[PDB]
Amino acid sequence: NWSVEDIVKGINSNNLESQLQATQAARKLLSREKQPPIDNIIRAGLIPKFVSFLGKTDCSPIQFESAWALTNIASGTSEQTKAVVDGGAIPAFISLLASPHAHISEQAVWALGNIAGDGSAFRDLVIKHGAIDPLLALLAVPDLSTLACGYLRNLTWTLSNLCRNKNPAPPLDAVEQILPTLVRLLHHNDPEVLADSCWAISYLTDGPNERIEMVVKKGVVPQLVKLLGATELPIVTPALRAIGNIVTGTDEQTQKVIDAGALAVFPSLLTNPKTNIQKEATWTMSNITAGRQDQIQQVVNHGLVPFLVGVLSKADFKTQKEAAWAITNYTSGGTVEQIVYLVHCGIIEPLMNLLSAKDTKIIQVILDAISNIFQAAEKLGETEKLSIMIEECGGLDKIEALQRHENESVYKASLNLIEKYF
């Protein structure tokens, strides 16, 4: 590898070919795994020279080498991405999207994804400079399979970064412009394209119900449910996040997920050996059980209540916390018969066992659930049958103890339970 001193000497020469060789040397230096000297390159003042090389239509190799050098600077810290932006790189890269050389266009796609991926402001600045139209034009072919696989993956990734980040979320008009191309990529037979399109949809559904509706209205929920069943974990993870985001919305949006067949996948998701999949599947279930009684009934009919008992009984603690939420939502919204059924599937003992957790929130959530179940037992006149039952698995003792507990609503709710029913 050249020294930065020698790179500067070549780039400052009055010889395009010497400048090209020094830019290639910079690209290779910036491409090394252990500790590329990005800040030294920036301090040498080389970004403005790279940016001017982007505009050299008559010398496509130096366009490519400087684009690659800038991509690797823009892939670093936010301060390093800012330095690239501050050199004027955004409009220069957008101009290269139309290049007849596919490797240059791809480099510009990559660079704009790094810049937009830095955060909301640079994302929106890339959009204001007009990146979306020429990016989408690169996919305006009748069959995506004629594109080079790596080229297509790069485009999908950059589009997903334009859908990414919040406060603010991407402009509504930009989302509507990008969404039809995302729908297409969601049906493309490449695992990495599918994964990144799912990530893009996961970003677009992470927000208010109006944002969810823009996605749901494009009809993608059945495809997301299909991708929930993929064997590739990199596909299932964002597809599940997208589905979980959608069921934070209205009852009608939640119903489209159920109508699409999503509940049939949850026996596997709720026992998945990847901890994060189990956690997000249980979180998703907790928002479905927060729904209407007929939606709780579909959870019942699909045999998913035993699986909720399972995750409550044994899972990573954060997953068990989501299961507690699922149970409190179920018993808050459910009919008496639905709550009786929950008790018949064995919810009481694992609920009580979690009262030993040193976590105030889950104790509150569980106490709420227990009160909800007693209210159903009152309507049936069977409060004592439930009391004896809490007693027999050791639940009374753990409720007694929380009378002596720091947090106020805990001992409040704990006290009331023992008074009224014990």
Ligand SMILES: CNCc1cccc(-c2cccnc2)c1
Contents of the next structure:
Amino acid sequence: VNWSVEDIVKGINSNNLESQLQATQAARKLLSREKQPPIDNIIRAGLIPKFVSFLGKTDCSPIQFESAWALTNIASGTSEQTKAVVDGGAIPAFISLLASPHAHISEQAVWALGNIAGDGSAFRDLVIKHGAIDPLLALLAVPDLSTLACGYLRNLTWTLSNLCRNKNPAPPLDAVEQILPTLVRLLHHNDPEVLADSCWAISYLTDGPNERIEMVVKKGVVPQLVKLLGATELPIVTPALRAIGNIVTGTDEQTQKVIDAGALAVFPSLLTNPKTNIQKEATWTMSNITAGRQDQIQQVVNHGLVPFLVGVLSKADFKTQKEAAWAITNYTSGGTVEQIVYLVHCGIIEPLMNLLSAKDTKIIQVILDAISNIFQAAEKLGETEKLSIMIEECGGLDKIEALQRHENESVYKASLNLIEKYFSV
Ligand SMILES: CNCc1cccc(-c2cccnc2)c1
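The block above covers the form deposited without this ligand; next, return the form solved in complex with this ligand.
To see the whole picture, the full complex is given below, headed by that same chain.
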């Protein structure tokens, strides 16, 4: 404990496997240090090539383990540092070690690959090209997952989620297809961490174009996502909500699967969740669902979710309120006249008008857009007057006319539009 770099270098350069082993172990402990671990000094000393060569000493499993751990400590730092480990030839060496008869050594290799793949798209794809996926999946090829050591199972799930991570580009379609069945199995495993990381992996794969959303949804995971959406553990709910949120940016049939799985019955509690980001992401998800078909809007109505949207619009973090505004504009643009009537009876007008005094230019356009849609529904019933009166009684015109002095063009036109058509002669 507490060796200098000079001494580690000296032991590692000796012609003595045991001396090298003690020095490597000393290096790992130094790199394990919590405050200010001298990763850059270790790299500057030229130790990484030597650590990588110790990975192949199949005759001396303890120096395999120490250098794996030392190297993983470097690889779990910055991108330059991870680059240094990769530049040392570590990826093939680590993939070879997945096959090691020592679980401790196999596990380090899993964690190493996880940190390398997790650093970015190019390294993720490099790990895949070196053929990491097959021996990783082979480590989970048992009849029942419960028979694997918990920490072992957690490390493998974490590493697979990293192979699913990042965009531009997203992972190769072939690799996603190869990984997905094991992922679906992990998503049914009873361990909070395995579930959380499985959820993350799904949320990564669903974060893109509808074809990738489809690859996931064809595998029947949506009912399991909805169940996880109801969990007590925030670290499961958070990625499950993200995945559900991604899926409803897809086609109407993809969205409908989310509704069919019973997802909307969880949203009264999500739209009032004490954690700001859950509530934000729930309202975003709602805005994509109110942008769907009229029968899908009708299910939002039937689950009693409209009062909850009115509530979030009335009081919430501003970014959440911005999402609720979108949910409303999407609802009003695609909704039937009866569905828009119902929205106004729930009390949408007053908190809609109040958000017109926000100095965020975009929410103003969104709200004015929704007001226009509601008037068009009112035009079909001849309640245009009652609507104008109602808007005027909560202070709507004060906010709408003051928006004519607004130094943004798109706002002013649509602002003046309204004052003219529904508040004149
Ligand atoms: C014309 N499409 C409108 C639409 C559909 C679906 C979602 C959103 C959205 C835009 C910005 C923030 N949140 C949600 C907007």
